[PDB]
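All protein chains but one are shown in place.
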Amino acid sequence: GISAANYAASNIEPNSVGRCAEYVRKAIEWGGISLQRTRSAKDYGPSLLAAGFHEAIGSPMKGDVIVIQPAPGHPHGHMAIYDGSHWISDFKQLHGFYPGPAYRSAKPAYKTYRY
Amino acid sequence: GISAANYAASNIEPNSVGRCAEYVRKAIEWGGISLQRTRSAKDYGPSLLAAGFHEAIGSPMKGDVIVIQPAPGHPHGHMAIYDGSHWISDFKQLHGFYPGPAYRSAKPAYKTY
Amino acid sequence: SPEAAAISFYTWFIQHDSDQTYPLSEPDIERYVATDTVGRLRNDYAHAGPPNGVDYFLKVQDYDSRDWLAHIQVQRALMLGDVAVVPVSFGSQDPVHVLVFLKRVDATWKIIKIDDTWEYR
Amino acid sequence: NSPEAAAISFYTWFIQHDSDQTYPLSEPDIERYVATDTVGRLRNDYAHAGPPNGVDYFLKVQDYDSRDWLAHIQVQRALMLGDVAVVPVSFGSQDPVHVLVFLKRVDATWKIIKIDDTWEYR
Amino acid sequence: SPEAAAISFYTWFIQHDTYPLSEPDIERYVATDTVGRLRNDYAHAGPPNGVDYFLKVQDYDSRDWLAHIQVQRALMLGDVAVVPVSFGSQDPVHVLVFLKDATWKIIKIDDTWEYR
Partner (left out) sequence: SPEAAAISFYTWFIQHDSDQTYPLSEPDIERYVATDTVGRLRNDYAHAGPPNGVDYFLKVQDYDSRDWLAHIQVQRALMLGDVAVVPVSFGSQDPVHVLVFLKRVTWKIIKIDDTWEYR
């Protein structure tokens, strides 16, 4: 869990590269678990529940996975992992789990996951 | 008058360059009348009436001047002068008195003179 | 046929592209174009305007109705999964080139996107 | 009552209403700072295509640190272009982001009518 | 020097009232990608909002405008120079010119209109 957060945080790009899902799945693989793939971040829930994750609710722990549904201009949703203070996708998210203002404004649904 | 339509037709650009009003005005001034300059095409009715022109209604004659109000993405409206076959602003309008899809879609008010 | 859906569409389009009417303001548009696409396009045209300033379907500001309507040339369709792509050109000299994207929606091809050949902006 | 103050107070309120729970264009208090037609247009852009150009319309970025940005809103005196006040603003302590705020007087109050980035024409 | 580019450019531009964008001389005043994109957009759809990109108007009194070109001092926002420019003696039009090797080039020009 923790070493997966560490992986993601060690391997960020400066800015999004439209690869939040791959980046977090690679982080999970480093921390022990290989996940069944989907193409798009919004659909990564069942792949996570399958691999032995359960839904969390409440303050984030280091290693937690967020899966966010589409937002205007962002039809594939978003995915990220908490490093202890900062959510991590393909980039380090300084402002929150929502990776941008399209998301912050339209406030789409999300689930968090844990092991 | 007719010479105005002719001046307009000869002095066009390959495309719009955002100066429909300057082009139609300089045309009219070659035709005889120097209108009180104004920045926006949509505002040129009070200037034409404050000259020889009167509001035509029905089919267009060679020299008739249209003044069109804002469309989306086009806040300043549009001016044109018929050549007998085509409406003419800063370019030759192959489709009609509306100079593009924004206008044809939104169908804003217009006046002929 | 989607090539035929394409030609049929642009014929109807150009004939409804006048100073009195525009095909997006027509209820008939639903026949030829996917619903969400129409909704989006209408919003676009009402606020900011047509995307990138040009007609979304013809990809130009200005054209001659007569030359275009008598020079609608399609090439054989592409199948990319369930999405059909039909290359179309308009006009007799210096033709304009687009790609029409079509899904089968009921028993019909609906248009879901139109592309220009312009570089990335 | 100066455009620089309208600007500083606006961005101060904006950052504090920009989080994972709220967003300032949703908040009705937006109308206090931003011209209403501008708010209508922005709401439309955000609801359909997304914010113009991918970035926050007001802050011109996708992502930032709230606490640093809040502690470093640097404002310069207004350029007065006719009756439009243009206020340069810079956010952040390290490699700051620059915007131009266009304010007009609506009723003895300065309302934001436009915000521009410093990027090249696109 | 950015003020300077602004003035030589606008003087040159109104003087030429062929369209000046299609002339190569404009490259002396306007950044090169910027010229490209502008010629492209002019060809495709005409300029933004259907006004002249550089003067921000559909019509103007060229004599008076060439007579009254006011430039205020450039502002620096990092790499970028913002130059306020006014034209005319009656109800002057205001624009902001943005500029960026040994020369200063125009990368963008903005009007003062409300966004809506």
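Just so it is clear, A, B, C, D and E label the chains in written order, and each chain counts residues from 1 on its own.
The rule is simple: a contact is a pair of C-beta atoms (placed from the backbone, for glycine too) under 8 Å apart; a residue touches a chain by one contact, two chains touch by 3 or more.
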Hidden partner chain, touching residue among A:32, A:46, A:52 or A:75: A:75
Residue among C:16, C:47 or C:103 touching the omitted chain: C:103
Chain C, residues in touch with the chain not shown (by the definition above): 34, 36-37, 39-41, 75, 78, 80-81, 83, 85, 87, 89, 95, 97, 99, 101, 103, 112-115, 117-121
Chain A residues that touch the omitted chain in the full complex: 11, 13-22, 25, 37-41, 73-76, 78-79, 91, 99-100
Where the unshown chain meets chain D, residue by residue: 53-55, 61-62, 119
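Going forward, only the chains that are shown with their structure count from here on.
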Fewest touching-chain hops separating chain A from chain E: 2
Pair joined by the larger number of C-beta contacts - B-C, C-E: B-C
Separation of mean Cα positions, chain D and chain A [Å, integer]: 29
Inter-chain centre distance, chain B versus chain D - centres from mean C-alpha coordinates, in Å: 38
Where chain C touches two or more other chains at once, by residue number: 47-48, 53-54, 61
Pairs of chains in contact (touch as defined earlier), listed by label: A-D, B-C, B-E, C-D, C-E, D-E
